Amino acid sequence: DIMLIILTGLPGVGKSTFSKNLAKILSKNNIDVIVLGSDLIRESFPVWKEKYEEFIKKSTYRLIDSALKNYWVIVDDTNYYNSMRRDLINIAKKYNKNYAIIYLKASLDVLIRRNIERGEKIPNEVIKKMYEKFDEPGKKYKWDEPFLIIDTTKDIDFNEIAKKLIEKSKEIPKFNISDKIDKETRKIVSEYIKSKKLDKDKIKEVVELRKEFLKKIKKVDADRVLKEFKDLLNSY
C-alpha cells in the first residue's frame, strides 16, 4: 500500500523537479506522499563541515524510516553509491514495503549546462568526474535494477509513471569506508574550490590531486584519511 521511491542520478539531472512533479500527481490521486532528501538537513546548517555529514545521513534515514510507516516516500538524493541504495531498500525491507528505484539520466553536456545555469554551485569539473565514475544502478545487484530509467531531456509522462507506481505498490515485495572516503574527499574538494574561488587551472590540479591521493590511499581509517586530505589541499 505504501511504497518507497528511490531516486538516483547526478547533480542537475532534475531529481528535485521530478520529485515535486511526481508528488503532485500522486497526491492528486489521493496518495499521501512525502519527499525527503539529505539536502533538507544539510542546508539547515549555515556552513558545511565534514563532521556534519554523519548527522545529516542518519537524520535523513530516520525521517524516511518514520515516514514510511504512514506515507509513501520519495527519496530525493543523488544516491551515487550502491551502498546508499542498499541502505534505503533496507528501510523498506524492515517494514515489508515495496520499493522502486527511478534512475534519471541526461548527457554530460546537459548536466554541465544546467549547472552553469544554476550558478555553478558545484564545480563543472567535479560533475564531469562524477559522470565518468558513476556506476549505473543495477550493474552488479538484481535488487539494484531500476524500475524506470528516465531521460530528463525527453518528455516525461507523470500520469503514466504514477499509474505504473501505484500498480507496483499492490505487488508483493520480494527483495563502505571506500565509499565514505570517495564521497567526502569529493565534497571537500568542492568546498575548497568554491571557498577559495580557484581558477580553472587550479581546479584541474586539485581534482587531479584528489585522484592521485585516492590511488595511494587504496594501496585505513576514514577520519585519518580525510584529515590528511584537508592538510594536503592546504599545503598544496
Given for the second form:
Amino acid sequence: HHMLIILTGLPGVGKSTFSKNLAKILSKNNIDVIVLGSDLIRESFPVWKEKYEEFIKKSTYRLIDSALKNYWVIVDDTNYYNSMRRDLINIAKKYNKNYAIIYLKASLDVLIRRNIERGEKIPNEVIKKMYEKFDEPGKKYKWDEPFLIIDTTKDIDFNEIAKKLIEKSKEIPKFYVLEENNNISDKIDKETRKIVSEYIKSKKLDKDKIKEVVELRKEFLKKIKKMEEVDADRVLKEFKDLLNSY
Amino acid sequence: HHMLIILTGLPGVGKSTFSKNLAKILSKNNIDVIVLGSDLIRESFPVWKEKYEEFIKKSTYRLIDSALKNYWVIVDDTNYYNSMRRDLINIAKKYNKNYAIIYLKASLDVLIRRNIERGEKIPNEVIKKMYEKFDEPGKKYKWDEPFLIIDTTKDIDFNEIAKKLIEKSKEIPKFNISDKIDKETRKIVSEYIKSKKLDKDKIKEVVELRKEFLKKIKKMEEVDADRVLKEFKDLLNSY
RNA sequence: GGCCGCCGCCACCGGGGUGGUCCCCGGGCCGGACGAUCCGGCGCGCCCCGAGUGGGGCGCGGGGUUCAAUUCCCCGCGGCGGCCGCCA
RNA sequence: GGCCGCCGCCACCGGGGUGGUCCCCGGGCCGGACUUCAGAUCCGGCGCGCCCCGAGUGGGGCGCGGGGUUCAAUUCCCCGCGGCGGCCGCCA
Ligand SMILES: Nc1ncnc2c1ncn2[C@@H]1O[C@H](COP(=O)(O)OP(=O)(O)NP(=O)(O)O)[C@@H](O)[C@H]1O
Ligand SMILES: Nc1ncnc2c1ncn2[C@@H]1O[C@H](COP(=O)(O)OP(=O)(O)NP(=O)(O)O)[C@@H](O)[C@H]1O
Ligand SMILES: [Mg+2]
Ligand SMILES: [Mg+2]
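The form deposited without the RNA done, now the form solved in complex with the RNA:
Below is the entire complex, every chain and molecule, led by the chain shown above.
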C-alpha cells in the first residue's frame, strides 16, 4: 500500500531538493505523496526562538501522523539523532505502514561550500560540529539501517529509487511478532530427562553406556507420540521399568 | 494578550507579502506571531488534486488552532467566503481571543496584471470570476466587518497597523418562585373570568384584586407556590 | 554519543527444554534399504587410520564447580533492543 | 451569493418571562430612611409624545408604528421601521 519515507542528513546535503524530485517521480507513478518537514512551520515564524521548537516538533509530528493515514509521506529533515528517526518510525509502526530510511551524505567539503553559497545562515562552525555529532544511521540499531545511502555529489536515478520504494511498499511490515503452524507431551520429555539423570548417577555409568540410555529415551519418546491417548503417571512407569530392565 | 488576525482577499492582492511584513513588525514589538495559510500544506504536494483539499483544510485549521493557544496568528488565506471567515472566528471564539479581519483590496486590473507576472498559473478567467463572487466582508454580518481595509496599490504604514492591532488585543472579547406566582395567578384570573363572564367594571376589579394580592405577598419572606395559589383562588371565590 | 537491559557462543534454519557427552516440536536438506515408506544423518577446525571411496578420535571464546556444562557461577566476544542526548 | 430565521417597538440600560391592563432577575442613577467618610441596608421612583389647566410653582387627559383574533395584547397573527444571526455555497 503506502509508506513512510524518512530522510536523514546534514543541512544543505540536498534533502529538500531530493524530496521534491522523489515526490514528482512517485506522482508519475500514481502515488499520492506529501513532503513534510519541521521547517514548514519553523519558517512560518518571522524570527527563530528556542521556545518555538517544542511547538514546532509537536506540530510537525502531528502533520506526519495525520498525513500518513492517507498518503505517502517523505519526511524532509535532518534527523541527525537516531532517537528522532525512531520517533518517526513509531508513527509508521502505529499505523502499521512500511518505512524506508534514506541517508543522504556528502563530504564536509561540499557541505561547507553549499552553506557559504546560502549566506552562511548557519555558521560554518555549526555545520562542522553537526557532521561530527551526527548519528550514522544503522550503526546502533538494525531498525535504523538505511534502505538507501545516496551521494548528492553524484548522479541520482530517481526512477530506480522510485521503483525500489514501490516494491518495498508491497512487502509486509512485521514490526513486532507472529505465530506459525502440548503440556503433557512436554512433561514426559522433562521427566524422562530427570529420570535418566537419576539412573546415570546410581550406576556411575561411563560415556559409552550413557549414550545408550540417551538413545533409549529417544526411542521411547518416539514410540509414545504415536499413541493417541496417554497418561503421565502410566508412561513414566513404563519408562522407569524399561530403564531397570536395561 | 494574543489575537487571531484573519486576512482576506483575492489571489495575488499581496496577502503573503502583507503577512511577512506585519509579522516582522509585530516581532519588533515583542510579540510572538506565526503566519499560517492553507497553501503551506497544499504546496507540500507535488501536484494538485481535489481530494487533497479535505486534508488540506483540516490540517490547516488544526495548525491555526494549536498555534492560537500560544501565539498570535495571521491567517494568510483568500477566505473569499464569509462562512470560511466564520470558521476561523470560531477558533478565536473557542480560545476566547480577540480577532481582527483585514481585507486586502485591489482593482481587477492590478490583479490580472500581477497574475500574468506570476506565469498565470491560475487562469485569468478564474481570477475574474473569483472577483465577481468574492464575499465583500461585512456586507452580510456585523461580525464579518473588517478591522481594516487595505489597498495594496498605495503605501502601507505597518507601524500604524501594528499599533492598532496591539491596542485591540488589549480590549475585552465578549462573545423563580416569585415568577411562578405571577404566572399562575394570571392563569387563575383567566379561568375565573371565563366561568363568570363579568362586566367591564367588574373584571377591572378582579385584576386590581390580583395586583393588590401580589403586592401583599412579595412582602412576606417565606412562601410556597401551592399554598399562596390556594389563598388566591379562595380570595377569588369570595368576591 | 552516554547509560542500561535481554539473548547467542551445541555445531542446517526457527522455536523451545535441560547437569547426560544433548533433547523436543515444525521446516529444509542428504544418504542407505528398499517407487511412496522404514531407517540413519547434517557446521567449522585439528589429528589418526585406509592405495582411494570412506571410517574414526579431539575440540567448539577464557576459567570455576562437577563423574559429566549447551545448561549453573565469574570473565570475554558478538546479536538485538530500551531510555535519553532535540533549530545545531 | 442562495435558502431560513431571531430580537425590540412596556416606557432608565441589559437578559428573560407571561393573553391580566404587566412582571421576573442583574446594571445605573435619584431620593427617602440611621450619620464625621465610606463598603452596606430596606424602601418609592425613573422614557417618549400630543393637548389642556399653573393668570404663580405642578398636575390632568390620552397615546406608545398601522390593522386583526380578545373582555384584556408586552405577549398570538399580517405588514413597517429599527437591530442581529444561522446553515450552506470550499484550490477557484
Ligand atoms: N543533487 C544535488 N547536487 C548538487 N547540488 C544539489 C543537489 N541537490 C541539492 N543541491 C543544492 O544544495 C544546496 C542545498 O540543498 P537543500 O535541498 O536545500 O538541502 P537540505 O538538506 O534540504 N537543507 P536544509 O533544509 O537546510 O537541511 C542548494 O544549492 C541545492 O540546490
Ligand atoms: N504592497 C504591494 N504593492 C505592490 N505589489 C505587491 C505588494 N505586495 C505584494 N505585491 C506583489 O503582488 C504579487 C503577489 O503577492 P502575494 O503576497 O503573493 O499575494 P497573495 O494574495 O499572497 N497571493 P496568493 O497566495 O496566490 O493568494 C507579487 O509580485 C508581490 O510582490
Ligand atoms: Mg531542506
Ligand atoms: Mg499568498
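Definition used throughout: the rigid core is the maximal C-alpha set that superposes within 1.5 Å between two forms. Positions refer to the first chain, counted from 1.
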Option from 203, 40, 63, 34 moving between the two forms, CA shift at or above 2 Å, rigid core reference = 203
Quick one: core overlaid, is residue 20 moving 2 Å or more at the Cα between the two forms?
-> no
Threshold 2 Å Cα movement between the two forms for residue 226, core superposed = yes
